[PDB]
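Take a look at this single chain in structure tokens; it is the form solved without (2R)-2-(4-chlorophenoxy)propanamide (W0M).
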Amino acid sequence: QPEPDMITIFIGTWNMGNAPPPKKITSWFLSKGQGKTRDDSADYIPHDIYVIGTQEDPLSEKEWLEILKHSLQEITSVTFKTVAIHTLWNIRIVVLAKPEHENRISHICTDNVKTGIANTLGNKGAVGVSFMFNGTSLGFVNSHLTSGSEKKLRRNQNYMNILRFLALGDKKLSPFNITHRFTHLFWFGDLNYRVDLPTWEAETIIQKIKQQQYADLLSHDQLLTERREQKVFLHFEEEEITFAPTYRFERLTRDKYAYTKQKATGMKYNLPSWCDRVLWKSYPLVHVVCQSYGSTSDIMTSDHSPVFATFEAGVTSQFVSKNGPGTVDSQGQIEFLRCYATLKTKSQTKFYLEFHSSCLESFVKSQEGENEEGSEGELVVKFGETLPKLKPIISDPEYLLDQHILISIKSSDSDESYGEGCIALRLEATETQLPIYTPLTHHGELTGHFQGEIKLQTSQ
């Protein structure tokens, strides 16, 4: 029975509005409704992994797991295995997988982050799960960010706190946050970003939605505009939105958006908005394709509609050779030529690099770089030809070309990372000098870039 090269992953996000679900929710898991929907001919084909994010979830874990499992069993005739479930207040994540995957899944981690302080600490935050699927690391974040049209900067702050403090994945990757720890990271939830148009335009917006004309609304979507301005979700992707706003509906129908200010809303307007979102970030040159992104039309217990997204994701096998794991494979090496880091910092410490990769027995520390003053005031840290030669555990090109090197640039004075990035070994050639590049981020904000050349030697 061969190991898979690709799996499909279902991501769902639903703010349940503190109400129990209706008796049938299969349309969610089938990617049926509005937007980019799944072909009917696939209805009986199970996804490999289902990741369900809820917000304002009133059910117990037991209650929701029985609904989810019975739903999937009705669709597929498969009894899914529970990988992980984690709940913070009313924010929940469930991961289910086909039983055949049980002995492919390991290193399961869960964590949560509570956002805010005093007044704003006690219901918003995030839950997440990570695990290894054979040779591939997967991370999943369900966040419920701050509500309200005039709180986009709070949402951006909530995002930064979640990616700084959520402790998932390999703890040896100590300079790296969740935006660098996983081959594939999916971040979804009630992100709560709104369509920023004047309150007076509510009925105009409703009109546009009835005509399925979303362009003039999406051009004012706060998540799209903040992403464009590099204020949040830097280096994440989102599929084009082709479904109506998923909030705020009158319950028990989808015929009416309830936008007007009421005592129950704190006298705030809730103009129709795409609160409910799925984004992803995968390592460079790894296969990831969004197959569906949409909302259901027939699940009406909440003031939000459920959102679905599905992906075809590249995975790799748990490689064994005669040599690695547990020794090096002299026949492999990774070399770096003409490398330099450019950093936005005003600081003047010396810097060194750390190279982290599961193709190495342990991380590798470089010598200090040579600081130069760049022509437009920036800091250039030159490594030239001084970087160590990295010694992978396995030299087989079928393994090595699928790997990645994480890079941290650290201060010699504090050993704090000033920037993190990632280089793919999926090169156009071996034994050949080729350009490499990554942006560098810290706390998920841009701090610089690293570029140079690489030369990869495999056993072939």
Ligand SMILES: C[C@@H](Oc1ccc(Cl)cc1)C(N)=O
Given for the second form:
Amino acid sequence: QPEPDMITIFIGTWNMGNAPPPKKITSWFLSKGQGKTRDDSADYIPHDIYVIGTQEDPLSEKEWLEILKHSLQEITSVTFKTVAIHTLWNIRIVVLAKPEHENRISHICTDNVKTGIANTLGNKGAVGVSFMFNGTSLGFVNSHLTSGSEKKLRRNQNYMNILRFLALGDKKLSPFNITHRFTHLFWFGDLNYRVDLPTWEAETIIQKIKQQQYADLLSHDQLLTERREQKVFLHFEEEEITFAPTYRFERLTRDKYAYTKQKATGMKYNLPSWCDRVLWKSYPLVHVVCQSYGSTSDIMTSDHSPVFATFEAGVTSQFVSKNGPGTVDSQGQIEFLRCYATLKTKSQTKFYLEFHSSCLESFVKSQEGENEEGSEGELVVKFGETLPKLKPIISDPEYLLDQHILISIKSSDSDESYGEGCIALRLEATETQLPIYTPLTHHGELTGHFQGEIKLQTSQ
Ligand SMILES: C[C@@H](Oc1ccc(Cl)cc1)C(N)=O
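So that was the form solved without (2R)-2-(4-chlorophenoxy)propanamide (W0M). Now I'd like the form solved in complex with (2R)-2-(4-chlorophenoxy)propanamide (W0M), please.
Below is the entire complex, every chain and molecule, led by the chain shown above.
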């Protein structure tokens, strides 16, 4: 039975509005309703992994697992295995997988972050799950961010706190936050970004939604505009939105948006908004294709409609050779030529690099680079031809070209990372000097760039 080189992943996010679900929610898992929907001809074909994020979830873990498993079994006739379930307050993540994947899945981690201080600590934050699927690391974040049209900055702060403090994935990757720990990272939830138009335009917005004319609404979506200004979700992807705003509905119909200020809303307007979102970030040159992104039309217990997104995701096998794992393969080497980091920092310490990769026995520390002044004020750290030769565990090009090198640039004085990035080994050529490039982030904000050349030697 061969190991897969692709899997499909279902991502669901639903703010349940503290109400039990209706008896049938199969449309969610089938990617049926509005937007980019799944072909009818696929309905019996199970996804390999289903990741369900809920917010304002009133159910016990047991109650929700019984509804989810029984839903998937009715669709697929497959009894899914529970990989992980983690709840913070009313924020919940469930990971279900096909039984054939039980012995492909390992290194399961769960964590949560509570966002805010005093007043603002008590119901918002994130849950997450990570695991290995054969040679591929997968991370999943369900966040319920701060509500309110006038709190986009708070939401951006919630995002930074979650990506700094959520403890998922390989703890040996110590310089790296969750935005670098995974081959594929899916971040979804009630992100709570609103359509930023005047309150007096509510009925005009509703009109536009009834005509399925979303362009003038999406141009004011705070998540799209904040992302375009690099304020949040830097280096994440989102599929084009082609479904109506998923909030705020009158319960038990989808015919009415309930936007007017009420005591129950803290006297706040809730203009129709795309609160409920799925974004991802995969390592460079790994296959990931969104095959659905939409909302259900027939699940109306909440003031939110469920959102679905499905993905094809490239996966690799758990590679064994004569040599590695357990030793190096002298027929393999990674060389870095003419490398330099450009940092936005105003500081003057020496810097060194750390190279982290599952293709190495352990991370590699470089010598300190040479600081120069850039023409436009910047710090340029020159490594030249000084970077150490990396000794992969396996030289087979079928393995090595599928790998990635995480780079941290660290202060010699503090050993603190100033920037993290990632280089794909999926090169156009081996035994050939080729340009490489990564942006550098810290706490998920741009801090610089790393560029140079790579020369990859494999056994072929
Ligand atoms: C790894 C962990 O649990 C799993 C693994 C795979 C699946 Cl599909 C479900 C649960 C264990 N052996 O306890």
